[PDB]
Structures are given as structure tokens and as C-alpha cells.
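Next up is one chain by itself, shown in C-alpha cells, the form solved without this ligand.
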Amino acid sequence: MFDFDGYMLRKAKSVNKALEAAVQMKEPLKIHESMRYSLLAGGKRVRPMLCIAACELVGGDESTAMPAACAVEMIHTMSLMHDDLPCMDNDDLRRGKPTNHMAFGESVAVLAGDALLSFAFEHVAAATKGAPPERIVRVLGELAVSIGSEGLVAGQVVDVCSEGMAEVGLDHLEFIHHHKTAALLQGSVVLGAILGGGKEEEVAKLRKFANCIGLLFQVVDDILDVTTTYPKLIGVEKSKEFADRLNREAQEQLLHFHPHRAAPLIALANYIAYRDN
């Protein structure tokens, strides 16, 4: 049988170790202290796991995917650092600890966040071994598309610019969740599938798989964040029904692969569904 909880803890331990190693304290000390304060606070490391699992799934190894796995966590980390700022969500705590700008000031939090964003690209470009340059460059491109104006940032921008609304329907809600959540998960799976040497069809299946758990990292999450939403547009009646169809379509994409190789993602997806945080 596949021990998913043991698998997750082991990946999270390797990722934490590599993250601590990639971002060391050095001058200017407060900029690096701030980066580490939010990057090394632990957590599930779902994006790094998605990247590593997608790479291993198609035949590559963890060490090849590790810089990219750390990069997507670096992006994820700074997007929360920026999301917590007074001009954005204005949160004083996260994970039960003071938010980055509350510990370091807003000026450091903004720059340490920008530092993590730039360093994500630097680290994947310079530290990735076991993949030819054209492939590393293709991956840098995919990372860029998944976090920019057609990915993570677009979701955030459309979301903050759509606060004073009331006509928000399924299309609007899908755009936001697909961009501010799914886009970086899709990017995480794609960098790994490509770095692992995956064929285009494998990349395509994994890209769709990620989009599905992306939206799912939400639909259920409402029934995880609430208790504009979906149960507001359809009620927990066909809400918990939507997530069940999203999980199924996710798992359907994984049918392309041998089931033994697919177990980590089949499970990273049942968790991602059935999770309370």
C-alpha cells in the first residue's frame, strides 16, 4: 500500500533542508533575515512536492527538480509576504506568528519579497543540474508565465480590483481561483514534468491535472475557509459535488501513467481535496 503521510513528511524534510541551504544569511543582513523568516517557517511544501513528484513520475530524479521545487516555494512565499501588507490584506499574523512587515517593517518586506522572486529565477537557472540548457530555459519561461500577468499576479490584481462588485458569477470566480491558485500549481507540476524529461503528452496531462487540483485547492477550500463563494452560487448541495467532479477529472488525467508511479499524485490530490487547511 502507499503511505502518503510518510511520503509527504519525507519530501517536506528534503525541501526544508534545500531551502535553508539556498538562502543563507549574508549582508545586507535584514534583507536576508526577512527572506528566511518567511521562507523557512515550515509548512506542507505542496508546490515543491508537486514539482518533485511530477519529475519523478516521468522518470527524472529529485535532485534535478530540487532548485525548481525551491523556486516555486520562493514565489509562493513572497506572494504571501506581499499579500499580507497593509495595502493588500493588511494581516498582522500568519501561521500564528507576526507577519513579515510587522517583524521587519514594510520596506524590508516588500524588498525581501522581490528578492525571493528574483532569486527563484536565479536559483533554477544556475543550480539546476541534469537537464540541458534549452530545457532549463523552457522551464524558466513556464515559471514566468505561471506567476505573471496571465497567472498568479493576474488573479491577485483581478481579485483586489473586484472587491466592490456584486455581479460575480462562476466565470469570475473561476478566473480568480485558476489564476491565484491554480496557475502556480500548474507551473510547479510542469517544471517538474519537463525537467524530468517528460514527453509533450505527459506534460499536457500533468498541466490539466494541476489545473483541476488547482480549482479544487479552492471549491473544497470554501468548505474549508468559510466553514461571493460557490456555496453562495450553488450551496454546499452542489458545492461538495463540484469538488468531487474536479478530483475525479484530476485522477482521470493520471490514468495516462502506470498506477504504481502515479500514487503520490493520486494521493497529493485526495489530500488536496480532503484537507482542513
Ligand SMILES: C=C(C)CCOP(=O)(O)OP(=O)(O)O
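Residue numbers count along the first chain shown, from 1. In this text, the rigid core denotes the largest set of C-alpha atoms whose superposition between the two forms falls within 1.5 Å. What changes on going to the form solved in complex with this ligand:
When the two forms are superposed on their rigid core between these two forms, the C-alpha shift of 2 Å or more among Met66, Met35, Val219, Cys55 belongs solely to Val219. In a rigid-core overlay of the protein, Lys238 has its C-alpha displaced by at least 2 Å between these two forms.
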Given for the second form:
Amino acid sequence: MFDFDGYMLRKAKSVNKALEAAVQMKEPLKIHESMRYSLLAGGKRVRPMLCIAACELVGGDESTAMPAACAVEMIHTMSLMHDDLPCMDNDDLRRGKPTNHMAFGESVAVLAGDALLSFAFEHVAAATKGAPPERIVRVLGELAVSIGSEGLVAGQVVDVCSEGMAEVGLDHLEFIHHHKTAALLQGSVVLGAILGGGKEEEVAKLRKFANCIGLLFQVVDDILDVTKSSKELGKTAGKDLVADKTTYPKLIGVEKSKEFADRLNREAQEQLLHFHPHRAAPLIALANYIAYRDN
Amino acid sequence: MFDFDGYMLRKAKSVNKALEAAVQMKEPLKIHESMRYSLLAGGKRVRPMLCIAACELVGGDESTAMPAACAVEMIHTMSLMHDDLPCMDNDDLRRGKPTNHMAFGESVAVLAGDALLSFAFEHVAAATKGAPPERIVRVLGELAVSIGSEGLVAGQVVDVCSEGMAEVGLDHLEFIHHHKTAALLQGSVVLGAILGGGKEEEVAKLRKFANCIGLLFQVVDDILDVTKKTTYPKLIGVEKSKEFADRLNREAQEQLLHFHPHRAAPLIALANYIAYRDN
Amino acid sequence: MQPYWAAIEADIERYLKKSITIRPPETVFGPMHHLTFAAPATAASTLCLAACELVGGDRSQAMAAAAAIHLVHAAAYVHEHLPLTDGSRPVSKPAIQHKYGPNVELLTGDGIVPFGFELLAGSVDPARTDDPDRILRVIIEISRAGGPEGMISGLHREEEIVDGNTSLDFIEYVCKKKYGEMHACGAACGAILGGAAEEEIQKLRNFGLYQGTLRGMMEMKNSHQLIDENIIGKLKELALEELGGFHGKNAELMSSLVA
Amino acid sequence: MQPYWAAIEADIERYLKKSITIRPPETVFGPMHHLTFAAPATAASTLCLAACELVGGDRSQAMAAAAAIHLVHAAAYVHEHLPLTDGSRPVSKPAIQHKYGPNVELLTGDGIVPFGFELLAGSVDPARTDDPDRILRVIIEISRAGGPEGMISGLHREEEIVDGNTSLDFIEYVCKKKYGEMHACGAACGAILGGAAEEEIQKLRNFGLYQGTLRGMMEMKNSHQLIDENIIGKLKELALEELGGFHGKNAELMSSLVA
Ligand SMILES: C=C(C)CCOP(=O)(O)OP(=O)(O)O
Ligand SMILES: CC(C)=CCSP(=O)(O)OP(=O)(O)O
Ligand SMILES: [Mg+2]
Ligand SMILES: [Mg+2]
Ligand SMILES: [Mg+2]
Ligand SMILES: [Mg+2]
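Could the form solved in complex with this ligand be shown next, to go alongside the form solved without this ligand?
Once more the chain from above appears, this time first in line as the rest of the complex follows.
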């Protein structure tokens, strides 16, 4: 019988403990203080868990996936640090503390964000043990594609550049969410699946599954942005309200939005049938959590 | 010898090169910037030369003695940085440039000075190649002894403590000079001589040569100030001060009578330069 | 610049244009394309191809790495000239031109750096044996040189340079960090991809370190001229020494870069 | 435990008092003796003798190093407390009293540091063949820990701390440099002088590093309270974990200050 609250609590402790060891204070002190301030402040660690669970699922173990797990969380973090900046969404609260730029200045926030980005590649590349070199290289390429101009960054740029778009087609709103949010989650599930020794078909099935929960994650993000408070979320909530932004709660309203998340979850879990139900329990659990989290 | 100046200049050069490589700018930047500010400010590099010359004198090579040469210049330099301080001589200038604490603050001047002192031991200990471990430890022993409470620092305390009782006699003035100047030259020549593998007898003669030129320098220096408080002239007069200088110079040179004439030449040439400087 | 270097530089430019083709979404790839070429050219990149050739290999073996180096640098240049509202970065006289707004520059910077690793992970040829161990090693050099202890420490400390009251020593350190390490990385990566032995890699690395440092001082000379040729002779000397041991039709070109 | 650590501070103290005889000129040795002993003792020295015995050596084999560590520590203590003209170093609220003027305290610290190295070189027993290498190594260890990279760095960054406005990450870092480096050094030297293999030395060095950071972090709690206990345990956890492989009382008595 699957105790999800228990599984996540320990996975996150384990992920938090490795994030703290991988990014230590060292000269130049402010850059490093700024990296740790946002990285270890306190996210849910969905991506690093997804990575670890996909690796364990296809036969590998946490230790081989941990550096990539940390890497996806490094890149996730810097992407929020850069998203919060005044030239971007200009927020004052993230993970329950003042945003990084407000505590270190805009200069350091940009630089430390860049530092985390580069170091995620250094760390996965240099610290992964238990994987042939061609396998690491391959994972670095997957990571690169999922966070760049055909992934995270592309989603984010069409996002700020489509904030006046009032004639927002769903095909356009899906381009954004798939890229700015689903792309990074897919990469997280893929790095794990490949590092655990998974066969191409299992990788392909988990990529599909990941695209599902990846979209589900953004729909859910948009619904909390609208039904929860800033204290609750830990970040500034309600700006997506005002702006001409393309959230789902826009084009279909919170209700037709919830039903949609419901279909997505199911659809994702349907991809998990490829695997033995006992082994898929963690990813099934991470999926409902993505759907049912309060923050 | 021929071209003594060219010889001091080749030495200052290879030493400066080695100093630059030994102490690079790095974090924390103000500490390291302050260390190089004073260490690399150019000077005659006499101490390093003594170390190197002594090593070569007994068969060693410049290469083995270089870390030790850099070390004594390191010590020399931080003794000057500390001495310029407001609580010491309170100097705002040295050789035409702002003194170290005026450029970076008293705190960094103090700390950078401390960094040069322990780094001298580290560089000697860790960069010396071509010497057996016991030799290197002996040599670190002589450096400590030459700059501590029975060497440089003693000469520096007793002096700041005698800037008050203007009744200092010949013996007291020599104490300060021997400790404030000769001890560290003695240290330079001894590390070189030991790292070079010279006999105990050889080391002792070199130790004597240094004590003589160390004092020779302060005496001569007093003579020049006059023919341009306690000084050799206020204590024994210029005539006798000069007789003394010549005796010091002659004694220094006597120490070198038994080494190869050609290896001894730079040392003999340095003693005469010290004795006859016009300035 | 010299014919040889400008020709190497042009191949990297060609390789970059053939690699970044403007397509939809143009709102994404136009800025990506423009900003790549708007960054100044960097020798840490041509040096990667050159270092390669010198030790053995063929320049094509190092192209992907050379492109990645340019891109990591391009991303850093874009971010360092970013319009910052709060006056966090000492409003630098630069005032360079900006075709796009701050947000798109910020983000494009962020998309350019991963592109560098992409070309690297995807330049892996089935017909190359030791391909993955060297690519991997090169990714590590690149992500370190562009990371918090490399080029980033250089950009950070550069904000503390107060025009004519900051020493030559400090400035040389910022150029060491900001340009030296990337150049050292470029020559080493090239050396690696070429197939040299540890001893040569370090020699070329040390050469890149000094040359990039000297180059940064040159671009800093046009700023505050306190730069004596004492500082330049120093670095030039340090550079050529590391090159002692390489003779031939390029090992005199590699030398020309500093001479 | 309780009386073991005391007999230790006392042996180190009787060796120091036997090594620093006030004598002529008292103007020099009066201050040297006074300041050595007016300096709060440091666990870095204690730790050195304990690690030497822990690995099997005789307490005397480490006495010179242990006294050198106190001397290096004493010098830094005297120097970090110098009344200064310019407002360089923030004013310590808990101000120490001075029986001697600034000049004499500054110079004395300059004489204390080399006295430690003198004691070490002078402790080589010519009838003991392993003596030079172990002592050589120890001098490298202490000169590095009290140097620009170790203790000096913590002393220097310490001045950037604003009492109610400085993160715990910054502070733990200043403690790892100001205290941790030296404690790590003390345990490592104690193990070296004791005959231990590389494996035991590193483990012991690691423990000391965590112990000092931890102990210095308490020296600080006095001052700025933001004194989380989440860092206290993160460190002793990492500490007490380095002991793993080592078991018993001392192999778990070291786990007595981490209380
Ligand atoms: C909706 C997106 C793309 C990012 C914010 O994600 P998270 O909700 O994962 O926030 P954290 O837990 O990391 O703080
Ligand atoms: C998807 C990325 C890279 C960043 C955040 S998207 P967002 O600004 O819509 O949401 P939040 O800032 O998390 O509130
Ligand atoms: Mg946003
Ligand atoms: Mg936002
Ligand atoms: Mg004086
Ligand atoms: Mg003076």
C-alpha cells in the first residue's frame, strides 16, 4: 500500500541535503550566498523527485540520478530568479522570502542565476557516477534542448511577448505552457529514465507521460495563481489576473480548467500502464500530487 | 669583480619574477593586493641576493635557494609595512608612494603583513626542491630565529622603546642595529649557505660576514648623514666611525678568504659597495 | 587582425549561422540570432580551433566547442550590458545599443548558453571512438569557465572598478577572471579535442590564460591608460614561455597571436 | 572527557611557560610572555595533542606543533584587537584591555608567530629518523592555516559582518575560515606527528574543520543571535560522521566538544 507523503518527505530531504552539499559558500561570497538563498529557500522539489523516480522505475538507483536531479532543480531555481526580476514579472515574494534581487540587488540576481545554470551542466557532467560517458553526454543534450529556445526559454519569451495577446488561440496558449513548463518536467523524467538504463521505448513512454503532467503542472499553476493567496503560495499571486496573460483560467475559467487538469492526470497515469503497477506507484503518486498540491 | 651593478640587477630581476609568480592576486583580493603593493614595489633586493650568492658560493644553485630568497624579501617587506603604521613610525610615504595602510587601510596593512610573514615559511617549506627535509627544517629554524625575539622583532621593539631615553650608549645602539638590520641579512646568507650544502665552518664564516656588513651599513649611513638621537658620530666621532667601518669591511672580506675567488667576488663587491656608497 | 585568425573567426561565424536558423517562433529565434552576432568576437573561441590544429587534430573536431565558447561568452556580454532599474551595476559609460528590451535580452542570454551544450552533445559522431569522453571533459571546462568561479567572478568583481582609483593589479585580476579563464579553456578544449597529452593541454591552457588576460588589459587600456607596457611585456613573456616546445607552421602563428 | 582536556591545556601551558622565559631585554620578553598567555586558549591546540594520542603517538611528539598553533592563534588575537587610527576594522564591543601600547602589541605578534616555527624546527630529534618529514609537513600545515588563505581570510571577512543584518551562510563561512581551518590543521598535524596513514589524517582533518566552524559559530552566537540550531546539527552531523570507521571513547570522545 503506497504511502506517498512518506515517500516524498524522504526524497525531498535527500534532495535538499544534496543541493546544500553541491553549492557551498566560497569566494566570491555574495554570488554564492545569492545562489544558496534561492536554491535552498524551499521549493517542493517536484522536478528532482520526478528525475529520481523515473531512474528507479526503469531499474537504476537514486545515486546515479542525484546530480541530474540537482541540476534540474538548479536550472528550475535560476529560472524563477530571473522570472522575478523587475524587467520580467517584477515580484517581491518567492518561496516565502523576499525575491533574490530585492535581497542582493539585480546585478547579483542575474549573475547568480547564470551561475546556477552553468553549474548544473558542470555538476551533472562531472559528478554523475554509474553511467557510461556517452550516456551522460546524451543526458546533457536532453537537458540543453529542454531548457532552451525549443524549451523553457522559448516558452518564457513567447510569454512576455504575448502578454498583450487578447486574441490568444489555445494553440498559442499550449505553445507557451508546453515550453515554459512542460519542457523542463519532460527533461527531468527523461534524464532519470536514461540514467537508469531505460530502453528507448520506456524513455518514449515516460517522455509522453511527462508531457502530460508537464502541461497539467502549468494548468494547476494558473488555477492556484487565482484561488490562493500570496502567503499561501509563497510567491506573489494574482498578477496573471490583471495582465492580458494567457492562463487557462482565462480562456475557460477556473471550472472548465479544473475538468481539464482531471483529464490530463488520467491521461498521464494511462501512460504508466506500460509499467508494473507496483513500480509505477511513485510516479502515479507524484502525478496526483502535481494535480492536488495546494502550492 | 667586473660589473657589480649588472650582477645585482640580474639578481633583482630573477627574484622579482619569482616574487610575482609566488604571490598572485586572488581572493580575498584586498589582502593579496596589499601584499603585492609593498612586496613588488621594487627595491635593491639585497636580501634575496645574499641568499642566492651564498648558496652559489658553496656550490648550490639559484634555483634551490630561490624560495628562501623570496622568503627573506617577504619578511623584509612586511617588517617595513608594519613599521610605517600610525602606531609605529606613522609614515605616509615610502620611496615616493603612499604607504600600505594609507592605500588599503590599517587593518589590511596589518593583516597583509601577517600574511607575508606566514607565507614566507610556507613557500620555503613547500617550494624548496633539491634539499633534504632536515635541511629545509633547519633553514626554517634559522629564519624564525633571525626575525623573532632574538632577531629582527627584538631590534624593532628595543628601538621603539628607546625613542624616549636619549641616553643610549654605543652598546645599546649596536644592539638595535644588529637586530634591526644584521639579523635578517645573517638569516639570508645562512639559508643560502645551508640549502647549498655548505659545511658548518662555511656557514659560520658567512654568518660573520653578514653581521659585519649589517653593522657596516648603519655605521656608513651615519657617516654620510653628517658629511652631507644617537649616531656613531655623536658617540665616537666621524674619524673613529670611519675607522670602524673599514674594520667592519676588512673583517667581512676576511671571512671569504677561503672560498673560490670567483664565487666570493659578488660578496666582496657588495661589502665594498656598502662601505663606499656616496649616498 | 592577422589573416589566419580572421579566417578561423569567419569559419566560426559560418558555423554559427548555419547552426542558428531564424524560424518560427521568430519572436524567439530572431533575438537568439541577432544577439549571438552582436556580442564581440572572442579569441577564446578561435584559440580552441587553433590549439586543436597545433597538437594534431583537424579544426572540424573543435568547431562545436569553439561555437559553444562564443555562445557562453555572448550570453555573458548580453547580461553584463543589461539595463538594470535599481542601479545595482555601476551605470557603466558603455551605453551600448539595444535592439530588444531587457526581458528578451535576459531570456535570450539564458537560451544561448544551453544551445552551446546542445551543439556539443549533438556533435557526437558514431564513427568517433573517444568522442564522448572528450566532449564530456570539454563540457566541464566550458561550464566551469562560464560559471561562478570563472567568468562570473570576473563580471562580479568588475563592478568594483572605480575608473582611476583602482590599481593595475586589481584590473589584471578582473581580466584574468573575465577573459583569461575562457581563453585558457578555449586553448585547453582545443588541445583536448585534438588529442594532446596532459602536459600539452596545460601548456596551451596556461598560454590561453595569459593571452586572454593580456587581451582584456588591451580592451581596458582604451578605458583608463595607466597601463604600462610593463604589465603587457609581463604577460607576453609569460605567454610565449608556455609555448616553448611547439614548432611548425602554426606554432609560430599561435605565437603571433601574442607577438 | 572532563579532566583529560584539562590536563591537556595544562601540559601545553607548562611547555609554553618553559619555552618563554622573561629575561633581558625584558622590554621584548615581558610583552612576549604576557601576550602569549593573555590570549584565550584555542581548542585547535588541544585537538592537536588529542589526535596524536588518539592515533597512538606520545603526547610529546605533538607538543611543539600544539604550542605553535597557540602562538599563531595568540598573534592573530593580539593583532585583531589593535586600536587603530582609521576606523578600518569595526570597533569590537567587547574590547580587550591593553597592558602595552599598540606598537609593542603589533611587534610582539610579529615575534610570536616565528617563535612557534622556531619551536617546531628546534623539536627535531636527530636520533628520530621520521622527525624531519613529519615536522616539515606540519610547518606547511600551520603556515597555511594561519596564512592569507586560512585564518587571515576569516579575520578579514569578519569585518564585513553587520550585527543584525548578516546571513547565517556568510557567518558560518567566516567561522570555517577564522576557526575551522586552524582546528582542521591541529587535528591533521596531531595525526601526522602521531604516525597515522593518509586515510586517518584526512578523516581527522575533516572532523577538525567541522569542529572549529561549530565552535567558532558559538563564539559568534554571543554576538548576533539568529543562532539557528539547524546549522549546529548540520555540522556536528557532518563531523560525527567523519569519525565513522573510528570507534571507542576518543574515537567518539572527540564527540565531547560537539555537545
Ligand atoms: C509553474 C512553474 C513553471 C514554476 C514555478 O514552479 P514550482 O511550483 O515548482 O515552484 P517551486 O516549488 O520550485 O518553489
Ligand atoms: C516557467 C518559468 C521559467 C518561470 C515562471 S512562469 P510564471 O511567472 O507564470 O509563474 P510564477 O512566477 O511561478 O508565479
Ligand atoms: Mg513569468
Ligand atoms: Mg512570475
Ligand atoms: Mg622604525
Ligand atoms: Mg619607519
